[PDB]
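Below, each chain spelled out in residue letters.
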Amino acid sequence: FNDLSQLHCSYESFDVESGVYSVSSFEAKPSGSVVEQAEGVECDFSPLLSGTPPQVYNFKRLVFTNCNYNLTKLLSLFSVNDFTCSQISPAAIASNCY
Amino acid sequence: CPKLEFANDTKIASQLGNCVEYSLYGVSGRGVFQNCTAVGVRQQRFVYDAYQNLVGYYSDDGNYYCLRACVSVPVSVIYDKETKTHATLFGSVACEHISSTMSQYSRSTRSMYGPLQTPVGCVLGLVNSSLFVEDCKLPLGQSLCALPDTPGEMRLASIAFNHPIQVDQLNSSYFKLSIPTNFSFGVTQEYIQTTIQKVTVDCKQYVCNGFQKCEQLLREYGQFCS
Amino acid sequence: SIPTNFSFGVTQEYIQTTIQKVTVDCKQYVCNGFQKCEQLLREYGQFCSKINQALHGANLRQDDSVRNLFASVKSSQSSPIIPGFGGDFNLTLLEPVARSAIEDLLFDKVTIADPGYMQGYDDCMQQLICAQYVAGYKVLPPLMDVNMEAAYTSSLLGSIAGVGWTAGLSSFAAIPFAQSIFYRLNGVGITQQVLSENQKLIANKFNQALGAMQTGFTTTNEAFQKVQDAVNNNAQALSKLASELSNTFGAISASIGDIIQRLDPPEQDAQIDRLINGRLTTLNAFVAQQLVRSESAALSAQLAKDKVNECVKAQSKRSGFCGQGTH
Amino acid sequence: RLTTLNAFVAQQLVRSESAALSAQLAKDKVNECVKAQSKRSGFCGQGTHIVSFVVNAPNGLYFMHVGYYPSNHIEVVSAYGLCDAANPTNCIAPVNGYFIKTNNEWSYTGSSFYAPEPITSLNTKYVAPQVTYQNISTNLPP
Amino acid sequence: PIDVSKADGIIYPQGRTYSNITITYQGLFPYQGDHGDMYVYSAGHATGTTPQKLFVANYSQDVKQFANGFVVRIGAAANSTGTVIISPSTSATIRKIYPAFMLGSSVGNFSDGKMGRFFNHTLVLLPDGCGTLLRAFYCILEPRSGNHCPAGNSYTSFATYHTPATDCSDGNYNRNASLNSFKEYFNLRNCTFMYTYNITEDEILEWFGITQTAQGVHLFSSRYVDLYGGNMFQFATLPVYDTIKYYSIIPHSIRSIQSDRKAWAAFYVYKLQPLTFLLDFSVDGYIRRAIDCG
Ligand SMILES: *[C@@H]1O[C@H](CO)[C@@H](O[C@@H]2O[C@H](CO)[C@@H](O[C@@H]3O[C@H](CO[C@H]4O[C@H](CO)[C@@H](O)[C@H](O)[C@@H]4O)[C@@H](O)[C@H](O[C@H]4O[C@H](CO)[C@@H](O)[C@H](O)[C@@H]4O)[C@@H]3O)[C@H](O)[C@H]2NC(C)=O)[C@H](O)[C@H]1NC(C)=O
Ligand SMILES: *[C@@H]1O[C@H](CO)[C@@H](O[C@@H]2O[C@H](CO)[C@@H](O)[C@H](O)[C@H]2NC(C)=O)[C@H](O)[C@H]1NC(C)=O
Ligand SMILES: *[C@@H]1O[C@H](CO)[C@@H](O[C@@H]2O[C@H](CO)[C@@H](O)[C@H](O)[C@H]2NC(C)=O)[C@H](O)[C@H]1NC(C)=O
Ligand SMILES: *[C@@H]1O[C@H](CO)[C@@H](O[C@@H]2O[C@H](CO)[C@@H](O)[C@H](O)[C@H]2NC(C)=O)[C@H](O)[C@H]1NC(C)=O
Ligand SMILES: *[C@@H]1O[C@H](CO[C@@H]2O[C@@H](C)[C@@H](O)[C@@H](O)[C@@H]2O)[C@@H](O)[C@H](O)[C@H]1NC(C)=O
Ligand SMILES: *[C@@H]1O[C@H](CO)[C@@H](O)[C@H](O)[C@H]1NC(C)=O
Ligand SMILES: *[C@@H]1O[C@H](CO)[C@@H](O)[C@H](O)[C@H]1NC(C)=O
Ligand SMILES: *[C@@H]1O[C@H](CO)[C@@H](O)[C@H](O)[C@H]1NC(C)=O
Ligand SMILES: *[C@@H]1O[C@H](CO)[C@@H](O)[C@H](O)[C@H]1NC(C)=O
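Residue numbers (UniProt numbering), protein chains in the order written: chain A, 341 to 438; chain B, 585 to 696, 704 to 741, 754 to 829; chain C, 781 to 877, 886 to 915, 923 to 1122; chain D, 1074 to 1177, 1183 to 1220; chain E, 47 to 340.
The shape of chain A in the complex, shown without the other chains:
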């Protein structure tokens, strides 16, 4: 609740000793946030939906760099029967920059 709360919990008693203690300091509120770097063309997932879908040993490859992606235009129209995510949160795959 206060400085005395974290004080007395650290000593686990209602009676403590006098003393200079490095109490847990604060962090100032940042003035804001900056989101800037170059963006050009958006990410183009057309060859994923173009052509014959290849085989499990013919797994066709797509590299995406320097583009802008949106899963709300991609996964929303995907009739996803099953979704799994190995060592990653499924929600943040459409949130962070890589």
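Please note: incorrect hints may appear among the correct ones.
[As the list claims (entries may be wrong)] List of simulated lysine-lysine pairs, BS3-like, C-alpha gap at most 25 Å:
1) C:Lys-1112 to D:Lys-1108
2) C:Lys-1100 to C:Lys-1021
3) C:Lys-1108 to B:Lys-779
4) C:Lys-1100 to B:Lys-779
5) D:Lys-1100 to B:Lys-801
Simulated from the structure, these hints should not be mistaken for lab results.
Got chain A; can you put chains B, C, D and E with the ligands on it based on the hints?
Relative to chain A, chains B, C, D and E with the ligands alone:
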């Protein structure tokens, strides 16, 4: 990166020289802008320290800017037992921040006590007093201390210097001397720890604490406790 | 066997008295301002609390040792410091201007990175010293001020002239320093004759003897070597804070926000568990090494106070204990 | 639990060597300034040590040291050597004492207290002539 | 040899630049003071003004494993005068030349049984127009079956000619005719994509690096930024589908006349192996001094 309604009020120049949560399209964190001279390869755009943290940055338009860290105020506390008296200290900082924007849990203040410039920084909860205490029991660092009233108030004091008795010298055959004229028999009192309480332990009354199964399991460990 | 010539050779040494008296916050260091981190902190936390008053107790023990040793070395009455004291001897280098010129130039050659005890945080907004708060720690201020050890150096400087006459410290006898040297040389076994007509040559060669150590201040001085190795000891001690958060400790990453907003809640709780475990063991290693440094500082402080009370203010009869040759 | 006991063994051997260190410092205290008077400045007792007393404690050992504690220091004059003008080689020096220009000439005083008393042969001894010493002619000391 | 304290052609960190500190890094590096994979180009037979039959070595049939790519020095013999390779009694000023590479993963015997056939989709890169164009293409090669042809009879090896009196004079650049000389020996099929670069010409030496990783084939050079300096900056990233384990150098011919036979560059190739080196990042950031570990 994902799509966004690109906010105009998010540029680097908007809060230059100010602490912001930096997010350089994957380079995430929170730090303080500054303007520097260009160092390193401008095509790399990202300059890092010896500990894998960003120090500089080549802007898109071409104005090199450093970001070191968004350093915050270190905070310490004083409290005295048997006199319900307590105050806060802030290290190596001008009295610059007021109660608006902290972090962590709810800070507690009392009646206004206010922000005072000390050589160690800024202090809240102290009243100025040019006092001198040679034998301060709970000092405030550097050469500072506070002493509580016998609703009391701790009051400021510098750690006083014990002035020796100043005696001069004569450059002649006559010499200047100083001499005790009274005395006492002071007792220098101290203590040492010679032999602690020595203790032994069982393997199976500390570890099996009587467990049959435990027994058969510890036989692979065997001679460790031995 | 008997020698027919002589000189005055200086032996240089140093003692690491008071180690860096520091502190580290629990939450800003281990947890670094992250929400799910403090709720998981709640899971543990027993370690953090305890080791904080453990380091507080070690620091106050060191402070008590420091105040005890400056109480011991405080001469109850001393001599004033003026320029030109000490006769023909060029002891202006040890004479304070307070700032003694000898320790001024030692502070010049010793790479001193003062941890911003007056600018600090403000020194970081205007521009390694700022790196004392990246994850977060604080090397506490001294409990002393410069001018305060300037006063102690003045006190011991007076005690040099005042003590080395006769055992029994109740009387203060700060002789004119040339005659103090005369009495000290008579005491340590030099005849009054050559001390009566040959003061000039011995004074001059003592002068260039004390001058040679001024220009000798380089790597060849072993006391410089142990001072700078102590500086490196402080540097590696603070690197034990500064360098370990870069380690993942077996996690998939070492950044907390990375974990909390790019992992699922169960797996991110597991990764925070791993990170806090590794970090608390690094804290235990820190506690062990500062305990070692604290006891070493205590014994070194005992050695330093014994050296300064026996063979500095007076002439100890122990053969070569603190100075090689007939000190 | 085995890791906790390895930590226990480590800290116990640390306390063991610390107790060993305390043992040689213990014998140093009890054999230097307790059963004698230490010639070291504030070795166990602050100031001029007189006596010391030692008593056991269930884990340790307890030390008082009764010592001379000066107070009320005043300002006086002292000399360097009482030597005859006619016989400069005839000099005297105090046996751990001081010369004081008393009322009622330089006389002997102990080196720890305002204790002036007339100069005798039992507290001084003959020394060499020096240019920094002093002459007396109106009353030569015995 | 190759000095590491002088930093002769060593990979730069891809996105982690430092300043004025020494830093350790685990990557792909060669050893210190090595020999190389020494080859050299030369000019063909000529008499008067007409250039006669070619002049190439057995370097087309010498195949090495790709391992982890390789680094090429270019024009270390430039600015100087060396003996003409075809005529040892004749000497001329050494001019810088650039090599043409092919990459794949299969080895087979030729129409005459000489080993070196590559199957399926393979990469060929070629400098043309006095080194102005650096065109690369990952296609299907088809050997011809006529006289002196790779699938034909009376065949020994393969080479690419170049007629500098008409090929790469001021302007013109002969519609990349050395690619047609490659087409005079091979044919293109079933190709997916194709890359081309513009590189200017100078007189200072050149350092080039090639490697591959699952995301792509990475090509590094100095010229692009450090024209006066030297470093590995990734000027190309081929979007490759499969890794590469075999490579070869295509021999190249120059249709120069006999009286004006000019000495060409003597290039070195050093292989890249997984090592850990320490780097001296200076204040400006130019890496100039490095040191090995093993
Ligand atoms: C064949 O012979 C030619 C001679 O014509 C050589 O070319 C010279 O190469 C040297 C070595 O790099 C060059 O020396 C460098 O000069 C720089 C200044 O150049 C200025 O002038 C040129 C020409 O006008 C401009 O294009 C340029 O932008 C500059 O304005 C210096 O700054 C260099 O020092 C810096 O770089 C080195 C290397 O990184 C660092 O070690 C230094 O500390 C410093 O940071 C350097 O001294 C010279 O300029 C070239 N001359 C010409 C006319 O180009 C060829 O190298 C040579 N080839 C072979 C294979 O031998
Ligand atoms: C005592 O030593 C100091 C230290 O060298 C002398 O100071 C030097 O004085 C000269 C001129 O007299 C200057 O050129 C030097 O720069 C001084 N040195 C330093 C380090 O400041 C001083 O002169 C000496 N005094 C005597 C009486 O010998
Ligand atoms: C006693 O008086 C004699 C007088 O000769 C002193 O001897 C000389 O004193 C002068 C000045 O005081 C010095 O410059 C000389 O060097 C002295 N002579 C010698 C041989 O030392 C003497 O100092 C006086 N004091 C004593 C003997 O204690
Ligand atoms: C780059 O590193 C060099 C090497 O340490 C720095 O040069 C040192 O600068 C300090 C400060 O004046 C001197 O005390 C040292 O003697 C110098 N050492 C050497 C070897 O020159 C240089 O200051 C650094 N520059 C920058 C911009 O960081
Ligand atoms: C940022 O700074 C640019 C030049 O840098 C100048 O020198 C360095 C060493 C710093 O001290 C910096 O503050 C100096 O200004 C300017 O060309 C540029 O205009 C500056 N940016 C803005 C927004 O003014
Ligand atoms: C506090 O008072 C002293 C004298 O009483 C004065 O020197 C000092 O400047 C005061 N402090 C401030 C912050 O004004
Ligand atoms: C010393 O002080 C004590 C107590 O103050 C007093 O009884 C005694 O008479 C004093 N002695 C002298 C010599 O002043
Ligand atoms: C001692 O040696 C030094 C240098 O060798 C010389 O200057 C001095 O005169 C010598 N002194 C004696 C007494 O021999
Ligand atoms: C090279 O430059 C020429 C002229 O500027 C241009 O026509 C050509 O398309 C360029 N080629 C490449 C690959 O950039």
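Check: In ascending order, which of the hints set out earlier in this document are inconsistent with the structure?
Finding: 4
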